[PDB]
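A lone chain, given as structure tokens: the form solved without this ligand.
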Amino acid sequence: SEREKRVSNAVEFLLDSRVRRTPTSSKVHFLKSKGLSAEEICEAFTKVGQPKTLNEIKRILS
């Protein structure tokens, strides 16, 4: 699906050896600007073992 193509790309970004050490807020805003929804950002973070709540993502993006 289109959603899972976005999430798969996001997982590759979050697993990057350099990206993983950058701030959460930078990663979240990056993924939003690439077109992920807040829910999709939650899924990507969960899939790399660092779950973020939906409301935390909403706060970062507000």
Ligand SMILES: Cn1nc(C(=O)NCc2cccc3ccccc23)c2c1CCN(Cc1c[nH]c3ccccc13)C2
Contents of the next structure:
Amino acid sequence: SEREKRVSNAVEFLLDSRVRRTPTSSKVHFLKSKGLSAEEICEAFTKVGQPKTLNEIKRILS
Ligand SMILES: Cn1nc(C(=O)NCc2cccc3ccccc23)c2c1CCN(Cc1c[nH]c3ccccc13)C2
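If the structure you just shared is the form solved without this ligand, then what does the corresponding form solved in complex with this ligand look like?
Next comes the full complex, this chain leading.
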């Protein structure tokens, strides 16, 4: 699905050695710029074992 392809791309981003130690907020804004919704961003963080609440994601994007 188009959604699953966005989430797959996001997971690979979040796993990268240069990305992983950087702050959550910068990762979230980057992923929104690539077309992800807040809910897709939330799914991607959980898929890399770094779960974030939707509340936190939405507050960053607000
Ligand atoms: C594994 N990886 N994938 C990407 C990347 O941007 N992938 C494409 C992509 C990523 C996420 C969602 C996408 C949705 C649709 C199409 C493409 C998408 C990057 C990386 C490694 C780091 N890239 C440079 C980068 C960009 N922002 C950074 C912040 C801290 C450190 C590095 C970066 C960017």
